[PDB]
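Asker: Each chain is listed here by its residues.
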Amino acid sequence: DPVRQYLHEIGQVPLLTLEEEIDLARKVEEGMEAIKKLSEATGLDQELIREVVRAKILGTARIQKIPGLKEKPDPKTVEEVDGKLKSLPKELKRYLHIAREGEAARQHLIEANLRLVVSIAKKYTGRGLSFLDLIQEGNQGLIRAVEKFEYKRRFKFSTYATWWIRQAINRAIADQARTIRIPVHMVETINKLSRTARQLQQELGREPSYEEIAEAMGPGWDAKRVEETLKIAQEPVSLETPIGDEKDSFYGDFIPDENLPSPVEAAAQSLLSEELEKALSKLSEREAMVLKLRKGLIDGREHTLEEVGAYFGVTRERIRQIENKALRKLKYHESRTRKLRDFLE
Amino acid sequence: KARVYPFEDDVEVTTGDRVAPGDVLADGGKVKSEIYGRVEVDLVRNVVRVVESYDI
DNA sequence: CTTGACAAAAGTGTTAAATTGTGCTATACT
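Chains as they are written, first to last, in the entry's author numbering: chain F, 94 to 438; chain D, 397 to 452.
You may find that some hints are simply not true.
As the list claims (entries may be wrong) - Straight-line Cα separation of at most 27 Å, BS3-like style, residue types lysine-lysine; simulated pairs:
no.: 1; chain 1: F; residue 1: 183; chain 2: D; residue 2: 428
no.: 2; chain 1: F; residue 1: 179; chain 2: D; residue 2: 428
no.: 3; chain 1: D; residue 1: 428; chain 2: F; residue 2: 149
no.: 4; chain 1: F; residue 1: 129; chain 2: F; residue 2: 186
no.: 5; chain 1: F; residue 1: 424; chain 2: F; residue 2: 385
no.: 6; chain 1: D; residue 1: 428; chain 2: F; residue 2: 186
no.: 7; chain 1: D; residue 1: 397; chain 2: F; residue 2: 249
no.: 8; chain 1: F; residue 1: 177; chain 2: F; residue 2: 216
no.: 9; chain 1: F; residue 1: 129; chain 2: F; residue 2: 169
no.: 10; chain 1: D; residue 1: 426; chain 2: F; residue 2: 186
no.: 11; chain 1: D; residue 1: 428; chain 2: F; residue 2: 340
no.: 12; chain 1: F; residue 1: 130; chain 2: F; residue 2: 165
no.: 13; chain 1: F; residue 1: 340; chain 2: F; residue 2: 324
no.: 14; chain 1: F; residue 1: 177; chain 2: D; residue 2: 397
no.: 15; chain 1: D; residue 1: 397; chain 2: F; residue 2: 216
no.: 16; chain 1: D; residue 1: 426; chain 2: F; residue 2: 179
no.: 17; chain 1: F; residue 1: 120; chain 2: D; residue 2: 397
no.: 18; chain 1: F; residue 1: 385; chain 2: F; residue 2: 324
no.: 19; chain 1: F; residue 1: 177; chain 2: F; residue 2: 165
no.: 20; chain 1: D; residue 1: 426; chain 2: F; residue 2: 183
no.: 21; chain 1: F; residue 1: 165; chain 2: F; residue 2: 186
Don't read these hints as lab results, they were simulated from the structure.
All chains, please: the whole structure from these sequences, using the hints.
Answerer: Here it is in structure tokens:
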């Protein structure tokens with residue numbers, strides 16, 4: 094059981110007393126301001142030196158080689174900035190150390206409040222997303238809450254954290270739970286719809302109609318709109334969904350293929366092309382060529398008027414008269430043979 | 397569990413890396429760690445701590 | 001086979017509406 098594993102793993106790392114909390118926050122902010130001061134030192138960006146320090150902290154070679162096969166070279170752009178930051182006087186140096194310690198503090202803080210996140214994610218199940226996924230989204234929301242936190246406001250970090258964890262988990266339901274992608278706006282919309290529907294179903298004693306629920310939704314809401322949003326809200330169906338009491342049948346294998354031509358269809362198209370080819374041959378050579386230039390029987394494209402006139406060297410009007418005439422001659426011979434009178438669907 | 401090494405002038409080593417007995421600690425070769433272990437540079441006490449562990 | 005005159009159809013470039021993606025909130029809460 095993975096849940097047991099992770100829960101025990103975070104059960105290992107203890108909580109944090111107010112002293113520890115405030116001290117860690119302090120050390121973090123000191124670290125960041127140290128990074129900024131180092132940005133005024135060597136003249137490089139904050140996140141640059143930050144990610145370098147991380148690369149010296151949360152693992153040696155493992156931060157670089159696998160966030161995908163290509164990021165920032167190990168011996169080259171990492172180590173040269175490292176050595177460049179190495180070559181500074183005493184104050185900037187002590188600030189380097191301070192920065193590193195800040196990073197570590199950030200990590201620990203993150204852990205205790207991972208326990209917190211686990212509580213919050215424990216609140217949110219039923220999703221359309223699994224428990225551990227909830228935990229992890231909440232954990233990212235936790236790293237996020239840690240980054241922007243300010244201890245000077247003298248508030249317990251737990252509250253600020255909770256808000257961020259919650260919003261992160263909601264970002265999960267919005268971005269995940271449904272097989273098809275439904276963006277945030279209509280997710281919230283659907284939620285409001287269902288909520289209100291529940292409310293007036295409680296009131297009226299029965300399910301509503303699109304009209305009354307639309308009116309209960311306020312302005313801009315009609316029957317068609319709630320019907321449409323409800324049409325989007327519905328989920329796909331599993332192809333493996335069992336049909337009947339039989340164990341030999343699925344739902345998906347009862348689905349026909351209209352994308353693929355049936356033998357009768359291929360034969361139909363064949364006979365059409367052939368019979369049309371033979372019914373074409375009784376025309377004059379030029380008019381037939383013109384026709385099959387118009388139809389796409391040559392390159393598949395449609396050569397207009399002027400194009401045909403350009404290829405045969407004549408005017409476009411002549412081409413027009415030509416094709417009309419062809420059409421009527423085919424009218425005669427087809428009025429006779431009745432071979433092509435079909436294919437009329 | 398550790399061995400303490402107070403310094404004076406800056407430091408060569410940084411928090412978290414690896415040192416072997418005889419390797420150079422702070423003050424330009426003034427103090428060396430005689431023991432295998434991870435090294436932590438402490439600002440407040442102005443000291444270099446070597447906690448014995450193997451880099452494994 | 002030809003030409004010129006015309007509108008309907010299909011194009012082409014700037015704008016408005018709605019659409020979607022991203023971030024944020026501080027009693028405390030593990």
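Asker: Now look at each hint and say whether the structure bears it out.
Answerer: Outcome of the hint check:
Under the criterion of a C-alpha separation no larger than 27 Å, the hint pairing residue 183 of chain F with residue 428 of chain D is consistent with the structure, at around 20 Å. Between residue 179 of chain F and residue 428 of chain D, the direct Cα distance comes to roughly 20 Å. Compliance with the 27 Å bound is thereby established for this hinted pair. At roughly 23 Å between alpha-carbon atoms, residue 428 of chain D and residue 149 of chain F fall within 27 Å of each other, so this suggested pair holds. At roughly 13 Å between alpha-carbon atoms, residue 129 of chain F and residue 186 of chain F fall within 27 Å of each other, so this suggested pair holds.
A C-alpha spacing of about 17 Å is found between residue 424 of chain F and residue 385 of chain F, which places the hinted pair at or below 27 Å, so the restraint holds. Restraint check: the Cα-Cα separation between residue 428 of chain D and residue 186 of chain F comes to about 20 Å, which is no more than 27 Å; the hinted pair holds. For a cut-off of 27 Å, the pair hint linking residue 397 of chain D to residue 249 of chain F is broken: about 34 Å separates their Cα positions. A distance of roughly 48 Å separates the Cα atoms of residue 177 of chain F and residue 216 of chain F; the hinted pair therefore is violated under the 27 Å criterion.
Taken as a hint, the residue 129 of chain F and residue 169 of chain F pair is honoured in the structure, with Cα atoms around 23 Å apart against an allowance of 27 Å. Between residue 426 of chain D and residue 186 of chain F, the direct Cα distance comes to roughly 19 Å. Compliance with the 27 Å bound is thereby established for this hinted pair. The hinted pair formed by residue 428 of chain D and residue 340 of chain F fails the criterion: a straight-line CA distance of about 75 Å is larger than 27 Å. Proposed proximity of residue 130 of chain F and residue 165 of chain F is supported: the alpha carbons are some 24 Å apart, at most 27 Å.
Taken as a hint, the residue 340 of chain F and residue 324 of chain F pair is broken in the structure, with Cα atoms around 31 Å apart against an allowance of 27 Å. With a C-alpha separation of about 34 Å, the suggested pair residue 177 of chain F and residue 397 of chain D falls outside the 27 Å cut-off, and the hint is violated. Between the alpha carbons of residue 397 of chain D and residue 216 of chain F the distance comes to roughly 42 Å, so the proposed pair goes past 27 Å and is violated. Using a Cα cut-off of 27 Å, the hinted pair residue 426 of chain D and residue 179 of chain F holds, with the two alpha carbons roughly 19 Å apart.
For a cut-off of 27 Å, the pair hint linking residue 120 of chain F to residue 397 of chain D stands: about 25 Å separates their Cα positions. Distance check on the hinted pair: residue 385 of chain F and residue 324 of chain F sit about 46 Å apart at the alpha-carbon level, beyond 27 Å; violated. Proposed proximity of residue 177 of chain F and residue 165 of chain F is supported: the alpha carbons are some 16 Å apart, at most 27 Å. Proximity of residue 426 of chain D to residue 183 of chain F is assessed by CA-CA distance (about 17 Å); at most 27 Å being required, the pair is judged to hold.
Simply put, residue 165 of chain F and residue 186 of chain F have alpha-carbon atoms about 24 Å apart, close enough for the 27 Å limit, and the pair holds.
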